[PDB]
Amino acid sequence: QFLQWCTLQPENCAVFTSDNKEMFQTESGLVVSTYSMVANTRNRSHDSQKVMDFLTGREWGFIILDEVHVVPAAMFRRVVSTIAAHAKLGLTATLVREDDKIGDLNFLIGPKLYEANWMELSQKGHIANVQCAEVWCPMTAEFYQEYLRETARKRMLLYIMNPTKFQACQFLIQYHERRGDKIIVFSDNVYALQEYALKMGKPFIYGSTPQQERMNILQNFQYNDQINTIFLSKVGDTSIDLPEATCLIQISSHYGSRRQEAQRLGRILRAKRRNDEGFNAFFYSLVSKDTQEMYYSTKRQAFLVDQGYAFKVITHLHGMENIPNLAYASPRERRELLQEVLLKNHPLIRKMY
Amino acid sequence: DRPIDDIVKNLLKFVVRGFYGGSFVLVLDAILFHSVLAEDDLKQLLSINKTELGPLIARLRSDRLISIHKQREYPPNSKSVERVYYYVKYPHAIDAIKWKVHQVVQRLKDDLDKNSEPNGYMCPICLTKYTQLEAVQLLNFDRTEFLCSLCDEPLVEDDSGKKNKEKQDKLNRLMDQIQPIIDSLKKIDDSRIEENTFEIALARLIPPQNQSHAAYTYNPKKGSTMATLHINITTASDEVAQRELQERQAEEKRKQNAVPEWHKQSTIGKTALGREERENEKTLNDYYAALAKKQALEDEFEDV
Amino acid sequence: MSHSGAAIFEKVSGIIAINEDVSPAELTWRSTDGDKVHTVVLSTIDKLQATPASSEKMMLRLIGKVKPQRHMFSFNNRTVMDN
Amino acid sequence: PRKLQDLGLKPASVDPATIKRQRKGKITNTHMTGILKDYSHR
Ligand SMILES: [Zn+2]
Ligand SMILES: [Zn+2]
Numbered sequence: 148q149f150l151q152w153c154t155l156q157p158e159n160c161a162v163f164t165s166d167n168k169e170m171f172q173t174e175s176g177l178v179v180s181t182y183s184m185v186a187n188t189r190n191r192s193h194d195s196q197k198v199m200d201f202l203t204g205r206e207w208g209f210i211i212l213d214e215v216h217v218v219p220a221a222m223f224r225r226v227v228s229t230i231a232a233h234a235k236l237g238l239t240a241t242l243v244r245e246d247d248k249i250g251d252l253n254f255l256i257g258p259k260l261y262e263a264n265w266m267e268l269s270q271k272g273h274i275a276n277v278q279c280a281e282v283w284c285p286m287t288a289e290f291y292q293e294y295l296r297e298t299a300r301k302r303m304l305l306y307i308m309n310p311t312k313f314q315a316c317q318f319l320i321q322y323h324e325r326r327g328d329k330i331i332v333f334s335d336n337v338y339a340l341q342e343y344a345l346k347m348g349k350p351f352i353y354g355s356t357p358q359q360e361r362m363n364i365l366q367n368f369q370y371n372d373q374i375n376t377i378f379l380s381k382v383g384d385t386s387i388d389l390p391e392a393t394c395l396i397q398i399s400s401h402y403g404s405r406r407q408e409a410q411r412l413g414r415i416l417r418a419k420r421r422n423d424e425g426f427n428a429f430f431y432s433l434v435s436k437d438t439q440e441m442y443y444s445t446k447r448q449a450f451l452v453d454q455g456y457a458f459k460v461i462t463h464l465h466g467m468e469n470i471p472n473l474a475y476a477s478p479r480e481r482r483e484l485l486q487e488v489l490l491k492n493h494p495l496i497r498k499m500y
Numbered sequence: 017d018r019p020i021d022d023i024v025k026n027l028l029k030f031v032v033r034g035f036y037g038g039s040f041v042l043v044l045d046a047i048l049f050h051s052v053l054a055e056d057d058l059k060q061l062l063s064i065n066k067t068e069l070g071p072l073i074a075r076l077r078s079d080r081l082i083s084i085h086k087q088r089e090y091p092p093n094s095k096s097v098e099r100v101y102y103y104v105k106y107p108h109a110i111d112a113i114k115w116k117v118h119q120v121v122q123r124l125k126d127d128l129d130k131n132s133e134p135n136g137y138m139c140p141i142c143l144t145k146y147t148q149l150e151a152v153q154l155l156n157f158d159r160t161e162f163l164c165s166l167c168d169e170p171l172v173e174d175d176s177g178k179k180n181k182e183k184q185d186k187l188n189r190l191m192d193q194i195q196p197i198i199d200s201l202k203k204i205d206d207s208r209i210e211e212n213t214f215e216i217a218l219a220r221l222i223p224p225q226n227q228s229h230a231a232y233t234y235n236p237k238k239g240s241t242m243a244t245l246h247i248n249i250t251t252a253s254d255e256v257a258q259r260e261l262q263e264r265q266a267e268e269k270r271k272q273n274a275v276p277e278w279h280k281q282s283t284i285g286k287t288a289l290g291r292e293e294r295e296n297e298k299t300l301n302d303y304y305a306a307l308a309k310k311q312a313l314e315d316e317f318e319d320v
Numbered sequence: 022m023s024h025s026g027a028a029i030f031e032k033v034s035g036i037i038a039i040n041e042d043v044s045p046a047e048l049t050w051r052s053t054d055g056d057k058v059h060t061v062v063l064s065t066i067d068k069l070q071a072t073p074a075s076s077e078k079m080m081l082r083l084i085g086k087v088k089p090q091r092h093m094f095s096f097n098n099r100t101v102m103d104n
Numbered sequence: 089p090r091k092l093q094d095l096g097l098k099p100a101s102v103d104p105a106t107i108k109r110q111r112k113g114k115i116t117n118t119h120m121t122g123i124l125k126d127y128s129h130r
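Chains as they are written, first to last, in this note's numbering: chain A, 148 to 500; chain B, 17 to 320; chain C, 22 to 104; chain D, 89 to 130.
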């Protein structure tokens, strides 16, 4: 973006990453790096030590702290002290944390300069006009019976994998695929992500998937018309490149993370179809009824309703019974799924060695 | 074809007709007619022998009128040989012709300048020339005759200057004969010559014989470092149907952006989700008739 | 110039010419020694087969209509094939 | 072609080619082997 949007020559720019560690030789210029690279208290390499000495010994005129919500962390806090910068700008979309350290940014960076009105930007077509919703999935009798007499960690996976949520997600995928929408399905539980993807026959992307496979699946999602739904874990929440999507389903979530909830919404906020009249993107938060998932979903949606979004509940989907194939419609299939979820949890001496 | 190509063809034709024999003329005209030839090509067209074309190929290679290509191919009988392809490089050939004629006229001018020098002398016994400068150092005590250094013979006069007018007239008779060549170079110097090569010469190729072992298809190598238009004719009757089909496409576009039923209205009150004209025309035609009476092996495949 | 070029037909060298002025157009092929003359009726041609420029063997195939009629044209220069 | 200019005569020949010239990784989405398509270009 620096090389594209402005008249900055590439010899004035430099990158401080694992692969790239050479610096610009001019008297001034740009360096771009990672928070973990600058704030690495571990034994860094010699070349990285030299580059960090160059960064610390140079008086910088401007620092840009992209995704400034992670600055109040333990030693991510120290990047504003290890770097002597005159001007500090923090750029973010999710200025919330689940602890009280979000208020420490005025001591770290400075006062909140500008709050963007999200609805003013949506009504002017700058961002997509999403239709936020919250589908209530009634938990089945046997799953809820197992849900009450369990610990919280097992309760988590047990309310994520309820078969009514399977049916609701399958119906929503089918309906929005008939509408020709690019759908990104989010679920932080890796096992649930894999199970939903295998049940619905859609590709899934998470942490241990190879990067070339991730790129191939992203290209297929962006271009192949038969690939309109990709399942994503918490990899999609953080700042990675994604194709434009117009529908979103949140199967599971990481507690009441408002930052993650607003980060997931941002992946459908920049769709190309904003210029089309009457276009709306769709946000769905599939949550299981009468569980702690209501509590965590409300805690997550607190930030979005603070922005002004209206989360309309959906306790009924028209056409659930009329869909051809229902995931775990039969009681025996649901019982098998219940059992599966429960069972989830001297050079010559060197020839010796 | 190209008029400049006609000019270079006429220039090579004139130089081979003037400064070369008939066999050279046949070879160069074969190349100028059939653009690229091999040995068997020229042999079949001219009924010439391999040693007979020897001096011809050697002279037109040394004088750069014909270039050679050392491509070997793979015929289906697998009895391949490293055949040679004879063709012409037009700019190199015309530069060689220009250099040759310029050196010819410069050498003739220098010979004319040497003939402008006085006659000098030459001793017939020893057959050695003696310039006028060295004659004075070899004159007799009588100051009457120039005597040889070795033969001691009275020097006789050479003919350096008597033939000077003859050499000038030879230059004049060369100049009007070479005048079409310089006219062709005048027209070429006012134009742009495309630097042809082996690939370029194959574009205007005409094959000479059917069973030619020389496959003119070129084989590039690695390591050597030396659209369609379609129309919709309508009689303005089906175009209304086309507009209706575009309206149907617009309706499909409206259905694509339709709001879902669980978004436009509340779902709380609903249940929870879970598991005869023809004879008329005949009568009018009969009435019109009554009125008228009243007035009365497989390979790669491509979709092209 | 674009309508004429050297070609090989049935392992026999020749010249491909386009008779565009006559209706219907004809792709006549003349042997260099005058042994035979081959012509193609362009009305009864279904589809044209070609080889990519990366392929070493340079071949062009014609497919007729009704056992379909098949013709094979081998060329020597790629620009002649393009035209 | 480079000595005609030394003598004043314009050459039609440019100087020749003698003077101055020049993995497969593992798959995790095994349930759609062949459904996904390769995209080496945009
Ligand atoms: Zn003598
Ligand atoms: Zn060199």
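Hints in this document: simulated from the structure, not taken from any laboratory. Please note that the accuracy of each hint is not assured.
Said to hold, decoys possible - Label pairs and their computed distance ranges (CB to CB):
1) C:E77 - A:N276: 32 to 42 Å
2) B:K269 - A:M441: 31 to 41 Å
3) B:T213 - C:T60: 28 to 38 Å
4) D:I123 - A:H465: 50 to 60 Å
5) B:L48 - C:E77: 54 to 64 Å
6) B:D129 - C:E77: 51 to 61 Å
7) D:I123 - B:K269: 50 to 60 Å
8) B:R264 - A:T164: 14 to 24 Å
9) B:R264 - A:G455: 46 to 56 Å
10) D:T118 - A:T154: 40 to 50 Å
C-beta: ideal position from N, C-alpha, C; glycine also.
* **Hints violated by the structure (listed by number, smallest first)** => Hints 1, 4, 5, 7, 8 and 9 are the ones this structure does not satisfy, whereas the remaining hints hold.
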